[PDB]
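Asker: The lines below spell out each chain.
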Amino acid sequence: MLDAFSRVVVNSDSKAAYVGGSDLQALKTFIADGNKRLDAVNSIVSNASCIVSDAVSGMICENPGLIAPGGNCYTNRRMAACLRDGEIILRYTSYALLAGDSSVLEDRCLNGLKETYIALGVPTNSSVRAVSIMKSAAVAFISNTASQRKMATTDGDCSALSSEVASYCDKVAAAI
Amino acid sequence: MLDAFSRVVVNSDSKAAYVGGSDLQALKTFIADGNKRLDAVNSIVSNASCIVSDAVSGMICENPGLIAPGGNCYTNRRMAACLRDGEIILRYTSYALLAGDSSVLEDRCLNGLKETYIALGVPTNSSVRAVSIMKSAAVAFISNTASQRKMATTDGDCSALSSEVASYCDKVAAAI
Amino acid sequence: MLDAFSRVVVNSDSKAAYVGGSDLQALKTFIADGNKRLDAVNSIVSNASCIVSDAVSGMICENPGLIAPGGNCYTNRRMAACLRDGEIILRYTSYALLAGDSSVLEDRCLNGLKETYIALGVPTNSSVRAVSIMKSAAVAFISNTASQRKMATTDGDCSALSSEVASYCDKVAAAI
Amino acid sequence: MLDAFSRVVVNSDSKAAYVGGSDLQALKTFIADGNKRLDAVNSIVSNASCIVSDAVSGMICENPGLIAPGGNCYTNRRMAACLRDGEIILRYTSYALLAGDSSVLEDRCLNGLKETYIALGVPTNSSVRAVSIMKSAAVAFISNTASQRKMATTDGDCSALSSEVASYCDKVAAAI
Amino acid sequence: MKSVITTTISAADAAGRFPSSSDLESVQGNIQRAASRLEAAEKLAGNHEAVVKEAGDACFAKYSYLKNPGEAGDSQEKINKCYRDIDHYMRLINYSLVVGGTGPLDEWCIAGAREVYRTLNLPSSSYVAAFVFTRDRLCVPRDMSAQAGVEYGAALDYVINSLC
Amino acid sequence: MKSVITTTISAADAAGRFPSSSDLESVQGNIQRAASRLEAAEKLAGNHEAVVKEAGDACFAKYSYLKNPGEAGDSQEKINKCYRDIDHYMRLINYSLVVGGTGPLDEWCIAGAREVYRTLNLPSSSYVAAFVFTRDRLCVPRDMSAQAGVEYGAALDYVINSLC
Amino acid sequence: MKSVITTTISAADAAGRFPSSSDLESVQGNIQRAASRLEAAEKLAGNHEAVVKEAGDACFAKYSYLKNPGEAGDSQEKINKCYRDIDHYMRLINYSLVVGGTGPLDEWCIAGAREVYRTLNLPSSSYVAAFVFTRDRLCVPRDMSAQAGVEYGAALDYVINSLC
Amino acid sequence: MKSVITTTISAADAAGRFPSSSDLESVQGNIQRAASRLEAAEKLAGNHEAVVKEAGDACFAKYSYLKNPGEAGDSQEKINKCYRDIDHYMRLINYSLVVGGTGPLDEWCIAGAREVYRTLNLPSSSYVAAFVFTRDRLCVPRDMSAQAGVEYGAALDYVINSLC
Ligand SMILES: *CCC1=C(C)C(=O)NC1Cc1[nH]c(/C=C2\N=C(C[C@H]3NC(=O)C(CC)=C3C)C(C)=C2CCC(=O)O)c(CCC(=O)O)c1C
Ligand SMILES: *CCC1=C(C)C(=O)NC1Cc1[nH]c(/C=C2\N=C(C[C@H]3NC(=O)C(CC)=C3C)C(C)=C2CCC(=O)O)c(CCC(=O)O)c1C
Ligand SMILES: *CCC1=C(C)C(=O)NC1Cc1[nH]c(/C=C2\N=C(C[C@H]3NC(=O)C(CC)=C3C)C(C)=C2CCC(=O)O)c(CCC(=O)O)c1C
Ligand SMILES: *CCC1=C(C)C(=O)NC1Cc1[nH]c(/C=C2\N=C(C[C@H]3NC(=O)C(CC)=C3C)C(C)=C2CCC(=O)O)c(CCC(=O)O)c1C
Ligand SMILES: *[C@H](C)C1=C(C)C(=O)N[C@H]1Cc1[nH]c(/C=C2\N=C(C[C@H]3NC(=O)C(CC)=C3C)C(C)=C2CCC(=O)O)c(CCC(=O)O)c1C
Ligand SMILES: *[C@H](C)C1=C(C)C(=O)N[C@H]1Cc1[nH]c(/C=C2\N=C(C[C@H]3NC(=O)C(CC)=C3C)C(C)=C2CCC(=O)O)c(CCC(=O)O)c1C
Ligand SMILES: *[C@H](C)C1=C(C)[C@@H](CC2=N/C(=C\c3[nH]c(C[C@@H]4NC(=O)C(C)=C4[C@H](*)C)c(C)c3CCC(=O)O)C(CCC(=O)O)=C2C)NC1=O
Ligand SMILES: *[C@H](C)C1=C(C)[C@@H](CC2=N/C(=C\c3[nH]c(C[C@@H]4NC(=O)C(C)=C4[C@H](*)C)c(C)c3CCC(=O)O)C(CCC(=O)O)=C2C)NC1=O
Ligand SMILES: *[C@H](C)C1=C(C)[C@@H](CC2=N/C(=C\c3[nH]c(C[C@@H]4NC(=O)C(C)=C4[C@H](*)C)c(C)c3CCC(=O)O)C(CCC(=O)O)=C2C)NC1=O
Ligand SMILES: *[C@H](C)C1=C(C)[C@@H](CC2=N/C(=C\c3[nH]c(C[C@@H]4NC(=O)C(C)=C4[C@H](*)C)c(C)c3CCC(=O)O)C(CCC(=O)O)=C2C)NC1=O
Ligand SMILES: CCC1=C(C)[C@@H](CC2=N/C(=C\c3[nH]c(CC4NC(=O)C(C)=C4CC)c(C)c3CCC(=O)O)C(CCC(=O)O)=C2C)NC1=O
Ligand SMILES: CCC1=C(C)[C@@H](CC2=N/C(=C\c3[nH]c(CC4NC(=O)C(C)=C4CC)c(C)c3CCC(=O)O)C(CCC(=O)O)=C2C)NC1=O
Ligand SMILES: CCC1=C(C)[C@@H](CC2=N/C(=C\c3[nH]c(CC4NC(=O)C(C)=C4CC)c(C)c3CCC(=O)O)C(CCC(=O)O)=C2C)NC1=O
Ligand SMILES: CCC1=C(C)[C@@H](CC2=N/C(=C\c3[nH]c(CC4NC(=O)C(C)=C4CC)c(C)c3CCC(=O)O)C(CCC(=O)O)=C2C)NC1=O
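Chains as they are written, first to last, in this note's numbering: chain A, 816 to 991; chain B, 816 to 991; chain C, 816 to 991; chain D, 816 to 991; chain E, 579 to 742; chain F, 579 to 742; chain G, 579 to 742; chain H, 579 to 742.
In short, the hints are calculated from the structure, not lab data.
Worth double-checking, as some hints may not be accurate.
Pairs of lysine-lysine, DSSO-like flavour, derived with a Cα cap of 27 Å [what the hints assert, rightly or not]:
id, chain 1, residue 1, chain 2, residue 2
1, F, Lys621, B, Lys851
2, D, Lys986, D, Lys843
3, G, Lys621, E, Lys645
4, E, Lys659, G, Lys640
5, A, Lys843, H, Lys659
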């Protein structure tokens with residue numbers, strides 16, 4: 816996996832070039848927003864259980880056929896499977912967010928996921944309803960606009976970070 | 816793998832229904848013929864060596880090209896391979912018969928067998944001549960009509976069981 | 816592992832002797848009390864959680880030093896370790912009881928246990944207070960004299976069985 | 816493995832006590848000398864090859880019997896073995912130094928080393944001549960008094976650190 | 579699906595063996611105990627709704643605090659699911675009594691259950707309350723025969739012991 | 579020692595499980611079929627010498643060439659061991675009928691038997707001759723009950739099938 | 579004991595490597611964030627008894643049914659252990675803030691905790707109640723600095739998330 | 579690409595863990611030491627050609643015998659590649675200073691380097707000569723700040739120590 820700096824270095828390398836001055840100033844911007852980024856990550860991981868059962872309960876909320884016989888959240892074993900998968904995806908997008916790169920999300924989690932699901936019978940339109948709910952639960956927590964819980968941070972615009980985390984959730988909703 | 820009762824339960828479950836009264840009486844019929852079924856299984860396994868070398872010798876009997884250079888029973892190594900495969904299939908159909916379900920025959924023995932054979936070069940028209948001979952060796956022993964050996968059982972009609980064991984042999988002859 | 820019959824056969828074998836008539840009648844007594852034995856096993860396993868946390872809570876009850884810093888039930892990790900060990904021993908004595916032989920208790924559970932414990936630092940005087948409590952919880956349930964729970968069985972003397980299960984618990988208290 | 820803080824926490828725990836105020840101020844001293852410690856580690860690892868072949872060449876220097884037939888640095892294979900062992904020990908003492916605790920040196924490197932050596936035939940009086948040479952090569956580099964190479968650091972007294980690294984080297988010379 | 583027949587067959591399959599006397603005796607035991615577990619199974623199947631309803635009422639009687647806002651009974655839809663879950667469990671007990679082993683309980687309701695309930699805030703104790711009530715409520719010979727009481731009570735103890 | 583009880587217990591031990599209904603039903607089957615395998619076992623134990631002797635005579639009748647120099651019957655000590663081996667096998671069948679499974683046959687006489695006989699020149703067919711004779715010789719109801727005939731004949735077929 | 583220093587060293591040990599720049603930067607971060615987690619740690623250590631006592635009162639206020647016979651608060655000894663457990667957890671949070679990572683919480687209280695509580699009937703929710711109360715009760719700048727609030731609140735969320 | 583962030587994330591991924599305090603402190607260290615490794619990196623990138631050229635001249639000054647027929651400097655194309663290799667290494671040091679760890683050096687130039695040089699007859703000592711020269715040539719505060727000297731000198735010692 817790569818992070819923000821390794822990603823700049825891989826791109827510089829494809830041209831056999833030392834790191835541009837433009838790229839250095841981008842990276843020092845990355846560094847300037849270091850602490851906002853850490854607060855972003857902290858606001859997701861401190862609420863991970865909330866985010867994952869919100870999203871799965873919601874998925875089932877909008878389509879109760881999932882928990883009728885033959886649906887993929889039917890037994891306790893499949894419900895627990897789905898909760899684990901929600902948790903796993905959220906973990907790899909919190910890696911992405913802390914990394915500044917989607918490298919690890921794509922490499923260690925999304926690669927072959929679409930196939931695995933096709934094989935198992937896991938409804939993909941539903942996985943992405945869950946992931947899209949997690950997207951909003953998460954950008955709420957980042958932006959500190961979640962209804963039932965706040966997290967004291969200093970006053971600033973965290974919108975670039977929220978958009979980042981939403982772009983990683985969309986990478987997931989697209990891998991399948 | 817499933818057996819007769821687990822199979823009734825899986826079917827009941829697909830409708831989220833407790834086990835019908837009709838199904839219960841079918842199962843108590845299964846139980847009523849319990850002891851005939853055990854005699855059926857005993858009459859196959861007590862003769863397994865007979866059944867398997869009858870069938871393979873017969874396969875070779877009707878087509879001696881199998882044991883000419885290039886045929887698949889040519890060396891001692893391939894002949895012994897074929898005897899093992901005869902024995903294995905007979906074992907999985909005696910599991911089927913004792914189970915009341917073809918679940919274990921299909922899951923642990925037939926799955927990918929057709930492919931494996933295509934890969935190895937194993938003549939499939941011949942495997943099924945052998946399996947079809949085993950079918951008759953077996954329903955003979957069940958029905959106690961084998962020429963050179965009898966097995967003292969009480970007087971009754973074991974025809975449903977024989978048909979069962981022939982249906983499992985046909986599942987094999989069809990998997991390839 | 817051996818059971819009651821295999822044990823008679825191993826003893827017969829050491830003399831190269833077919834099974835004595837005396838031994839056969841002992842075994843038919845074993846068979847006569849078959850159903851009491853099954854009720855014995857059922858009355859332990861249906862209460863296993865009760866028996867194991869009774870005993871461990873009691874061990875700690877009589878010696879609270881176990882849950883002071885440095886005691887072997889101190890962290891959650893060690894407490895849970897001890898509960899697992901209680902459960903394991905009870906499982907191997909319910910195997911013994913269902914088997915009619917202590918073969919499996921001695922082979923798969925007690926062999927090297929004393930050493931393992933010496934190595935880990937597990938107080939052995941306390942393990943056996945727990946095991947001796949489990950002994951009484953268990954012979955209570957067998958004999959149907961447990962205070963807070965009864966189990967409807969038919970009227971008979973189950974004392975030989977209780978003594979059996981207490982002899983297996985004593986084998987444990989002696990292995991260490 | 817533990818570090819300076821984990822070590823304070825393990826000691827606090829053996830009394831079931833929150834971390835004393837005295838211990839907190841010790842730790843903030845540890846933190847105050849954080850950057851000297853990093854320079855200490857950097858001055859060893861930037862010279863590791865120097866330190867290890869200095870020491871082994873010196874060991875052989877003072878006792879050429881090691882490289883006569885039958886000595887333990889005789890073939891290329893044994894010489895290279897010894898260089899690896901020098902390097903390994905230096906690595907575990909640079910872990911110690913960066914950790915503030917000898918936990919990892921003792922756990923992952925010294926445990927059973929004396930036995931292993933006794934088994935192989937590795938002269939222990941010589942291993943420790945090498946380790947004692949490495950001790951001086953290292954406290955030289957820390958204290959920035961090495962003859963043939965300097966490392967620009969700011970002016971300060973790094974003597975507590977040097978004594979630390981010498982205490983870890985002595986732990987090694989004592990384990991055998 | 580764990581059961582006498584499946585357990586025996588797959589012991590033999592693991593060994594490369596045809597069925598032998600141990601295997602045939604094992605099935606014979608399945609024949610002997612058939613007639614009282616199927617009795618339990620039919621009585622349960624014939625009165626599932628009343629059993630489910632007494633059990634759920636007993637649960638919420640023991641833990642009235644569950645009906646508070648934030649608890650797992652703070653809405654009529656949630657209480658109704660609670661009785662639904664109890665019914666799922668009793669359906670699986672029905673299956674367990676018909677198969678002859680704890681297979682159906684094991685795969686279809688025990689497997690994910692601690693994680694699922696940890697995550698939707700469903701106290702383990704409430705289900706234990708509902709199964710203990712059902713168990714103690716059974717009456718011999720009123721509700722079923724003695725050896726069917728044994729089978730029924732047994733599956734209930736198994737499901738109870740999976741929540742301790 | 580393979581048997582209903584041992585097979586079931588060690589399936590459960592492999593799984594970390596207490597005994598459950600499958601296990602108790604399995605033993606119950608051991609109780610049901612007990613009374614006819616123990617009948618076979620007692621009839622066999624009560625007349626072992628005459629059975630062993632007819633079987634060995636039948637063997638050497640079928641293969642008189644074994645008594646030639648160089649064969650496995652070229653001396654009285656060797657012929658006597660032959661009948662001894664047959665007795666060993668029938669003792670193990672006695673054990674197999676008492677345990678309820680083929681355990682004793684499996685470990686104590688099947689395991690090394692192909693290598694041992696390959697090496698001491700003992701034709702597999704001669705033992706098959708002796709067991710087939712015994713099997714076909716049995717007579718119901720003269721020699722034992724019908725379901726004990728089944729058990730006895732069965733262990734004999736098992737030992738026969740281990741030499742094919 | 580999981581921590582910046584231990585995590586980094588054992589990544590390098592797994593690779594055969596001396597410490598390098600990544601490792602030294604990692605410790606440098608430990609230096610930067612030191613001064614506010616040690617502030618939380620000292621405030622917690624200086625007022626542990628009052629925090630433990632408000633948290634336990636909040637727990638039994640939220641779940642008064644625990645004081646019923648059969649519940650985990652049916653005796654004064656049992657209620658007192660409850661507050662003891664809460665204190666254990668806050669001691670481990672103290673450790674976690676001093677080390678810099680969740681190590682102490684992980685090994686010393688999380689590891690066996692679901693099995694232990696499942697078995698002694700200790701509802702997971704009650705501890706969650708006590709930690710949520712403590713978390714929300716904290717007040718900046720009254721009780722501690724902002725970045726120490728972050729550290730303290732964080733360890734509490736971690737321990738909360740280990741009971742969901 | 580080995581670095582603080584990657585090392586920490588993949589320790590946590592190996593454990594199934596979300597990021598926690600150790601991880602966030604580790605990145606914070608990356609923030610603190612950022613500003614002097616990026617200074618080294620920019621000074622290196624701004625004067626790479628003069629550094630590469632002094633280093634290669636120093637190499638061939640120390641080992642004039644390399645210019646003999648058969649050596650690795652017996653042609654102008656070969657000497658020019660030598661300076662090219664030195665530039666590759668300094669580009670990778672630039673990367674190493676920007677990432678914060680030795681990743682780029684590790685994968686892109688250390689990995690095959692002993693085999694490659696063994697096979698094209700490139701003495702290890704010549705590169706060591708060129709990096710030692712560069713290292714000792716650096717001048718504080720002329721060429722860069724003190725803590726950037728540390729970073730630059732450090733990557734050079736790392737690459738040197740990979741050729742011993
Ligand atoms: C994500 C945006 C948030 C929105 C909701 C908002 O309105 N204010 C926000 C966050 C934010 N944080 C800072 C600055 C800091 N964040 C800090 C904590 C993180 N740095 C760390 O080392 C750790 C983990 C170990 C973190 C969790 C810190 C320490 C700072 C700097 C000083 C402080 O605020 O206490 C800003 C900008 C303020 C700034 O000076 O950068 C914003 C907007
Ligand atoms: C398969 C049909 C056979 C044909 C060839 C026939 O004409 N008679 C046949 C078989 C048959 N068996 C029974 C009843 C029993 N079979 C028994 C042995 C099996 N039960 C076991 O437990 C064991 C293994 C451990 C078996 C091998 C037994 C014990 C019985 C019951 C009593 C007995 O016959 O000795 C029947 C019907 C007779 C009945 O009462 O069911 C038939 C037709
Ligand atoms: C352990 C002694 C008990 C004491 C506490 C007592 O006062 N009565 C007791 C038990 C007991 N049970 C029987 C007979 C049976 N037990 C049966 C159930 C078990 N047999 C099985 O197959 C199964 C599992 C699959 C069991 C759990 C059964 C079926 C019987 C036989 C008929 C019956 O009682 O329903 C006795 C003696 C009565 C007898 O006829 O043997 C006693 C004393
Ligand atoms: C070990 C003692 C040395 C002896 C030989 C001496 O006479 N001067 C010495 C070392 C020393 N260093 C500092 C302070 C710093 N060291 C720094 C580098 C390390 N901190 C890091 O983050 C990194 C790795 C990533 C290090 C290698 C830094 C940055 C400082 C602080 C500012 C600076 O000096 O550039 C001191 C004391 C000076 C102080 O203010 O603490 C001494 C004595
Ligand atoms: C419980 C009654 C005991 C009291 C006394 C006590 O203070 N601690 C108790 C028990 C305990 N047991 C362990 C760790 C092990 N126990 C082992 C044996 C069991 N493992 C098995 O598979 C079986 C059956 C065959 C047995 C009987 C083994 C092995 C271990 C080591 C593996 C492990 O889980 O640690 C401990 C923990 C000691 C520690 O600090 O690790 C305790 C406290
Ligand atoms: C070097 C200073 C010593 C002098 C004195 C000498 O004469 N020989 C020296 C060293 C030496 N070490 C081995 C072989 C082993 N060393 C082992 C321990 C190290 N391996 C590790 O992983 C670690 C760290 C945890 C340690 C410290 C082990 C193990 C071996 C055996 C494996 C092996 O590579 O042989 C030898 C070679 C002895 C022989 O003839 O094989 C020597 C000469
Ligand atoms: C059924 C229709 C239904 C379910 C059960 C939910 C599905 C859902 N959740 C959405 C957003 C969301 N979830 C959370 C976490 C949650 N909110 C809190 O304040 C805390 C604490 C928790 C733990 C329960 C958050 C923060 C959000 C943020 C957005 C919001 O409006 O609250 C959501 C919206 C998706 C979208 O924007 O399209 C859905 C559908 N919600 C239901 O209605
Ligand atoms: C070559 C043409 C030839 C071979 C060698 C045989 C192939 C064959 N066997 C068939 C049926 C069969 N085999 C057995 C087992 C056998 N019979 C016994 O009585 C005993 C003992 C043994 C061991 C040798 C049985 C029981 C049967 C039953 C049917 C029968 O007629 O005996 C068979 C018929 C297949 C069919 O029905 O199409 C074939 C072709 N037979 C040969 O002729
Ligand atoms: C502290 C001194 C204390 C603890 C907590 C207990 C230790 C203990 N239990 C003994 C026997 C025992 N435990 C059970 C299971 C229990 N009883 C029930 O009715 C049910 C249901 C359960 C689940 C909680 C039983 C059945 C028994 C049987 C004997 C009895 O008197 O109840 C016990 C006695 C050991 C002995 O005989 O020396 C001890 C010490 N008990 C405590 O007092
Ligand atoms: C044979 C007698 C002989 C060998 C070959 C050496 C053994 C030895 N080295 C001692 C100390 C030492 N080694 C180094 C590393 C070395 N010095 C440098 O400046 C650089 C660069 C390197 C790489 C070669 C150092 C820094 C030191 C520090 C102490 C010193 O006096 O230089 C040493 C002394 C051990 C002691 O104090 O008892 C020995 C014996 N030395 C030989 O003489
Ligand atoms: C497998 C599913 C099975 C159950 C379990 C039970 C459960 C059950 N028992 C009932 C009915 C019932 N059961 C008893 C118990 C009781 N009475 C006696 O004579 C003996 C000594 C006692 C045994 C302990 C009483 C006293 C009542 C009447 C009390 C009441 O219904 O309120 C009722 C109410 C419906 C009815 O009235 O019929 C139910 C639902 N029924 C089932 O089908
Ligand atoms: C488990 C150990 C068991 C054996 C197996 C048999 C084996 C056996 N049967 C015998 C005796 C015997 N058995 C039969 C068979 C026979 N007779 C009938 O009426 C029916 C229709 C036939 C069943 C097929 C005959 C005809 C004889 C007398 C012929 C003879 O003994 O030479 C004899 C001779 C001893 C004697 O005379 O009693 C032996 C050893 N005995 C055992 O204890
Ligand atoms: C790490 C351990 C830490 C804790 C966590 C807290 C926990 C705490 N706060 C208290 C005390 C306290 N805290 C607040 C909150 C509060 N007040 C404000 O001005 C702002 C806007 C609010 C922040 C949300 C109030 C209002 C009180 C007084 C109310 C009361 O004590 O009953 C008290 C009672 C003891 C006392 O009065 O001092 C405790 C135990 N204390 C600690 O040492
Ligand atoms: C990261 C890339 C970095 C390098 C490394 C250096 C490398 C370097 N230093 C130079 C230049 C240079 N550097 C010194 C050293 C020196 N002088 C002092 O006052 C102190 C006490 C001494 C520090 C030890 C001297 C004395 C000279 C002039 C001598 C000469 O250039 O021939 C020159 C020649 C170009 C020039 O003149 O500017 C180079 C290429 N430059 C870089 O950009």
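Asker: Hint check: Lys659 of chain E vs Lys640 of chain G, CA-CA at most 27 Å. Holds or violated?
Answerer: holds (24 Å)
Asker: Holds or violated: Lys621 of chain F with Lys851 of chain B, Cα cutoff 27 Å?
Answerer: Holds, because 26 Å separates the two Cα atoms, which is no more than 27 Å.
Asker: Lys986 of chain D and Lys843 of chain D: Cα distance at most 27 Å?
Answerer: At roughly 26 Å apart (the allowed maximum being 27 Å), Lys843 of chain D and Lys986 of chain D satisfy the hint.
Asker: Need the status of pair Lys843 of chain A, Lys659 of chain H: alpha-carbon distance at most 27 Å?
Answerer: With Cα atoms ~34 Å apart, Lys843 of chain A and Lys659 of chain H exceed 27 Å; violated.
Asker: Keeping to a limit of 27 Å between CA atoms, is the pair of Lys621 of chain G and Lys645 of chain E held or broken?
Answerer: violated (38 Å)
Checked against the numbered hints given earlier, this structure breaks hints 3 and 5; the rest are met.
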